[PDB]
Amino acid sequence: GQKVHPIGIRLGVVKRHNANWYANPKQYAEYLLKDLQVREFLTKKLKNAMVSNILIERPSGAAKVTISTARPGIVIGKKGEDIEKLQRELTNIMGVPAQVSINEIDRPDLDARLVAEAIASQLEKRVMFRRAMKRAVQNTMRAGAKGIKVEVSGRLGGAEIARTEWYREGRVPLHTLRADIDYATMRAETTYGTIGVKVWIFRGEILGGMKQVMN
Amino acid sequence: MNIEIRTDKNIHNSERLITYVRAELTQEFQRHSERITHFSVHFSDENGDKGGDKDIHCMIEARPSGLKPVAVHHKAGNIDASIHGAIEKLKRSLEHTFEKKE
Amino acid sequence: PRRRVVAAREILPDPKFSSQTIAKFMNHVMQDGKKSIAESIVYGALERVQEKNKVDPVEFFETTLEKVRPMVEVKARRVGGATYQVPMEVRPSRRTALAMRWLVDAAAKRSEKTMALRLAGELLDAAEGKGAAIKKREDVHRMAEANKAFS
Amino acid sequence: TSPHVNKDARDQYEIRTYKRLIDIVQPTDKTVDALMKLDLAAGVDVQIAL
Amino acid sequence: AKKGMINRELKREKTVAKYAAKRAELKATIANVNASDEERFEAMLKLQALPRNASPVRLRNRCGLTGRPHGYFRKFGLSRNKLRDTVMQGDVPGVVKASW
RNA sequence: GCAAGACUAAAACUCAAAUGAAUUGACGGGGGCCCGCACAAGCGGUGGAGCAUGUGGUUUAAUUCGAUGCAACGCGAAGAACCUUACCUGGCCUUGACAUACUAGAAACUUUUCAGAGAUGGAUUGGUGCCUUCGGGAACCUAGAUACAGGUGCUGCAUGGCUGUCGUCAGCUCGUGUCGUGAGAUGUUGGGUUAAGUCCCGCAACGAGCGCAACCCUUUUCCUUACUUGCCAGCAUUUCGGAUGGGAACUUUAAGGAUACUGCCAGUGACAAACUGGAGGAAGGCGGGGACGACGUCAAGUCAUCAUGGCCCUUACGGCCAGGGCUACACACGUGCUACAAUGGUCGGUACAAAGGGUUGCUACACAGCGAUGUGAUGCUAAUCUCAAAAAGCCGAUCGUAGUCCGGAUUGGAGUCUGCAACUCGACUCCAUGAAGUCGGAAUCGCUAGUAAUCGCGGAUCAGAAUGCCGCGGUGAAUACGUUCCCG
Ligand SMILES: [Mg+2]
Ligand SMILES: [Mg+2]
Ligand SMILES: [Mg+2]
Ligand SMILES: [Mg+2]
Ligand SMILES: [Mg+2]
Ligand SMILES: [Mg+2]
Ligand SMILES: [Mg+2]
Ligand SMILES: [Mg+2]
Ligand SMILES: [Mg+2]
Ligand SMILES: [Mg+2]
Ligand SMILES: [Mg+2]
Ligand SMILES: [Mg+2]
Ligand SMILES: [Mg+2]
Ligand SMILES: [Mg+2]
Ligand SMILES: [Mg+2]
Numbered sequence: 002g003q004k005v006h007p008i009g010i011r012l013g014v015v016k017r018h019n020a021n022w023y024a025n026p027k028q029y030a031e032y033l034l035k036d037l038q039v040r041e042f043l044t045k046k047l048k049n050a051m052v053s054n055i056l057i058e059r060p061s062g063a064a065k066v067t068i069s070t071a072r073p074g075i076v077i078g079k080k081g082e083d084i085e086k087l088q089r090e091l092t093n094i095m096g097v098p099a100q101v102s103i104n105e106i107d108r109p110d111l112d113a114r115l116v117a118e119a120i121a122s123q124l125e126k127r128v129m130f131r132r133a134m135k136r137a138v139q140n141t142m143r144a145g146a147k148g149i150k151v152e153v154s155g156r157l158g159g160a161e162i163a164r165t166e167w168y169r170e171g172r173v174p175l176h177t178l179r180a181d182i183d184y185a186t187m188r189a190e191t192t193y194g195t196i197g198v199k200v201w202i203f204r205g206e207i208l209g210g211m212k213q214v215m216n
Numbered sequence: 001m002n003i004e005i006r007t008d009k010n011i012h013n014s015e016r017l018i019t020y021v022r023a024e025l026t027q028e029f030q031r032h033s034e035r036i037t038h039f040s041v042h043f044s045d046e047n048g049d050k051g052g053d054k055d056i057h058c059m060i061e062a063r064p065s066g067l068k069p070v071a072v073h074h075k076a077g078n079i080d081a082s083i084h085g086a087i088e089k090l091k092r093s094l095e096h097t098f099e100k101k102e
Numbered sequence: 002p003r004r005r006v007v008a009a010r011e012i013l014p015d016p017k018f019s020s021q022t023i024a025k026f027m028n029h030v031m032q033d034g035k036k037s038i039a040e041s042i043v044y045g046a047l048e049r050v051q052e053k054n055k056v057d058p059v060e061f062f063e064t065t066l067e068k069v070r071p072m073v074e075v076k077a078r079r080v081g082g083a084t085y086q087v088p089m090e091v092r093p094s095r096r097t098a099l100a101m102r103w104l105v106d107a108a109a110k111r112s113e114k115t116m117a118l119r120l121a122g123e124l125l126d127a128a129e130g131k132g133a134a135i136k137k138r139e140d141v142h143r144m145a146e147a148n149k150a151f152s
Numbered sequence: 053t054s055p056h057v058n059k060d061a062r063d064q065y066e067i068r069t070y071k072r073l074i075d076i077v078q079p080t081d082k083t084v085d086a087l088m089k090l091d092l093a094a095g096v097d098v099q100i101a102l
Numbered sequence: 002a003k004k005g006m007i008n009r010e011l012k013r014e015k016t017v018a019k020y021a022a023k024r025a026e027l028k029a030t031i032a033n034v035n036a037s038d039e040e041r042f043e044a045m046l047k048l049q050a051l052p053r054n055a056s057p058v059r060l061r062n063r064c065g066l067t068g069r070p071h072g073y074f075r076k077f078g079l080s081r082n083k084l085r086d087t088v089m090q091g092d093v094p095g096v097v098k099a100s101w
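Protein chains in written order, with PDB author numbering: chain c, 2 to 216; chain v, 1 to 102; chain g, 2 to 152; chain j, 53 to 102; chain n, 2 to 101.
Mixed in with the good hints, there may be bad ones.
Result set (PhoX-like, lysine-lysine): computed pairs, CA atoms no more than 20 Å apart in a straight line [what the hints assert, rightly or not]:
1) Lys27/c to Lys71/j
2) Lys16/c to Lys76/n
3) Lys59/j to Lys4/n
4) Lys35/c to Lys4/c
5) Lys46/c to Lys4/c
6) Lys59/j to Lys98/n
7) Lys19/n to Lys47/n
8) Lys98/n to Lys4/c
9) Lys98/n to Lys35/c
10) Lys126/c to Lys16/c
11) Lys59/j to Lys4/c
12) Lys27/c to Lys23/n
13) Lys4/c to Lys47/n
14) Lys35/c to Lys83/n
Just so you know, the hints here were simulated from the structure itself, not pulled from any lab data.
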């Protein structure tokens, strides 16, 4: 049947939330709405920079956004002017000023989101779906994941009848809560409608629990 | 037996249909009488607002006094055809079950 | 069930008479977990019956229970599409349970003002030998006697 | 969890607020300045009362 | 919801914000004992004569992201449909699944 | 040939197949082997009545749209007087209430009335701001023009995402080998065994993955840290109230640790797994609950959360407004609440909880009122003040089987509160009235222990509006011989 969100099931177990701040019951809604707005803005701005994660933090009367990027050059800017505009936009969005930080990704083919975007790009450009799937699986396994799983569903090839096709290699123990599983979803908009892409990547079992994560 | 017949938005239902369905169903299944206490028929059109050879789904589910409820489905191009197919299938199923249980 | 052997629970003895049998009887009388009212009813009935004749209430209760306990019952066996009520012996626990249930039900169907009064009347009737529980005992003997033929 | 109609199919979430209390007594001028100088990490709202 | 629905909600909020001060002053005058009876009656008439949209009772909570008028969940400000998604992505701080 | 009939033996026409052996499933009133409140043994219900709620039909101008056997019907809706609102009657606007692109003038804004049901329209006040290589620009309006906006309009049978069910059922599949002409087979089969494709023995199989179990939350015992606002064992003072000076013992609070592993003894089994009876321990053979949903099935549900391909409307299928409707009532169903009383009703006194909520709020306490409440006022951003009265229970009195001193529907007067406004159409209070009902057809449902039955308390939604939903604690059962017949 249906399945729980792989990230959703491990928030307090082996993963951490993507937002870390405290609010009183009254300002919580405002903070959450503005965080969603800034995430929506960043997703559109940095579409071509291969961004993987956004960490929004409110230390005290200020803001701190950490952007995980495979291409730090584009986000940083040739002379660093782009980051100034980014912080200006973030301060405009959030009442207190925001500071940006960059986390360089050196093994992009281990990140589920990046793989899903890569597959979706080819699928929108009309490459064969099970060509892109096998390419992504082989690249991730070469990278070194203990396992990868890819799912593509929709009107594949323009077919009148929609269908779903998946490929898996290695290990993906979803039922093991102590396992590092990265999950991602992406959408491809083709002339014949939408195609959905799901990616699972397994990076071995985490030891020591949340204390090892140092929560 | 009490009769509870329902349709969907596509099919269109009326009290005239209720009376006709009740009369026909009772006439066909009058033999069992006390053996059976409840009928519920349901009508749908699947791909509503389009057409096909079957394009309509009839169901009838009956509760026999004693044994557990038993259900039957049929697909046909018209409401009357769906009803007739479902009636025939119910008759066969009830005959088989009663012969089995003796 | 299809497996396991569930063990029996322990019923603590009653306060006044320290009798597990009387505690079990109170549990039969009890409704909706109102055990305090159950004890009130049972003890009122016991006082009422003690008033009639001067004897130990516990001894009177156990004597009447022995009077009302069953001997033999049939358990329906479905073979060849027929009832085949087959007489059989029953364990002491079942004997006691059916006796208590019959007493309480007969008291409930009696026609006095209060449950204590009608329970006391039922105990007196069972001691005498004419009551609804006595009639159910007689009926079960009669039917298991009619069907003695089968094993 | 269902878009349209399933009342029995739901997700139950919880959020917890943890509170801790500290007193410091016989404090000195260097202690108070050290406490003010100390940095604050996110996720922990700290209230100081004199 | 429709953009017309959202715009109606916004204009209602704007009107309430505009007229809150006068509404509160009139209610205080109405509830003031030392004030004269004629003054209280005039305050009541002005409060009844204020524009309808100035009344906060005419505002309906909406998701904000989608504008849905059901399942609002004040604390988060999001209707259930989007709240579940945001929570199970890991973007809502402190919220986890419950098992007790 | 007595007869029944036997032997010899066509054509017209009609179909695209009919067949033999063998392979995978499904199925069997075929067979063995297992499991489940599936039977059995029990406790309490629905189906009868009054009311609540949802649906179907009729009705209306409108009763807006979805959900339809188990798995639709207290379902989307975690809350329709206006608003919500998507519907109807009528009055209104047309680059539109909202985005980008072009041109020109104006700070944005701001005070009053007038017409009207309002949307709208016509008058009338005050200010002229923030930066400039000041000759021009940011904000926020007005006026014109063109691509365009706008759609809860259709298609869930064109889709993404999400969800139900078989079903926490124990199964479902791959690589290398082998076997067969092949579909395919083995492995995954046979013995024991487990809750379990769980485990041990054999075996053309050897190896892997997804499922089972474990890792995660909560409860039971104990240890360390922490002494607040929470606690009071030894001391003292007490307007005898942990109230006070005090203490860090105990309860508690909330992080981290220990413990339980068939660990040991006596038996059984192939000397295997494994299974019985014991000691110790708070707890003994998965201790009790919760999350966690395999490969797959039903063109299952959702274009009305949202996104999206394709069709459709464009002075209306778009937008603003005032009233009405979603609450209708010859009827038929589903899910509930309250009762039919003495295991009880009424009156007086009197004990014992746990979990949550409170600054646009919870409110000690005094007064006024029969009361719902009102006024004054106090402490609380809370282990501090508060919602707050726990109720079943126990003690005393009356009632003495009556449609009642049971029941509280319906109707007639009088009010409080929330709100611009309670007519349609709110919750609650007082006086008067006192309906059906005296235990409910065939049929059928839930439940194996702190469970069922019963008693009260809190919350999300929310101005107000729960018998619904999600939680919390108090009292506390009955019965399992057994799997023979009932089903999956
Ligand atoms: Mg369909
Ligand atoms: Mg829309
Ligand atoms: Mg409202
Ligand atoms: Mg039974
Ligand atoms: Mg329900
Ligand atoms: Mg309305
Ligand atoms: Mg579907
Ligand atoms: Mg449909
Ligand atoms: Mg598991
Ligand atoms: Mg629709
Ligand atoms: Mg209106
Ligand atoms: Mg309604
Ligand atoms: Mg009364
Ligand atoms: Mg009568
Ligand atoms: Mg409310």
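Results of checking the hints against the structure:
1. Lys27/c to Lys71/j: 18 Å, holds
2. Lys16/c to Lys76/n: This hinted pair is violated, its Cα atoms lying about 24 Å apart.
3. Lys59/j to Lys4/n: 29 Å, violated
4. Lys35/c to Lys4/c: 30 Å, violated
5. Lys46/c to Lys4/c: Distance ~32 Å between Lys46/c and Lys4/c Cα, so the pair is violated.
6. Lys59/j to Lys98/n: 18 Å, holds
7. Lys19/n to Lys47/n: 15 Å, holds
8. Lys98/n to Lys4/c: Within the cut-off at roughly 14 Å; holds.
9. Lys98/n to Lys35/c: The hint is violated at about 24 Å.
10. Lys126/c to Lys16/c: Status violated; Cα separation ~34 Å.
11. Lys59/j to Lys4/c: Cα-Cα ~18 Å, so holds.
12. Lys27/c to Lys23/n: Roughly 25 Å separates the two Cα atoms, so the pair is violated.
13. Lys4/c to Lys47/n: 59 Å, violated
14. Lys35/c to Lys83/n: With a Cα-Cα distance of about 15 Å, the restraint between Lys35/c and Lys83/n holds, given a limit of 20 Å.
The structure fails to meet hints 2, 3, 4, 5, 9, 10, 12 and 13 from the earlier list, while all remaining hints are met.
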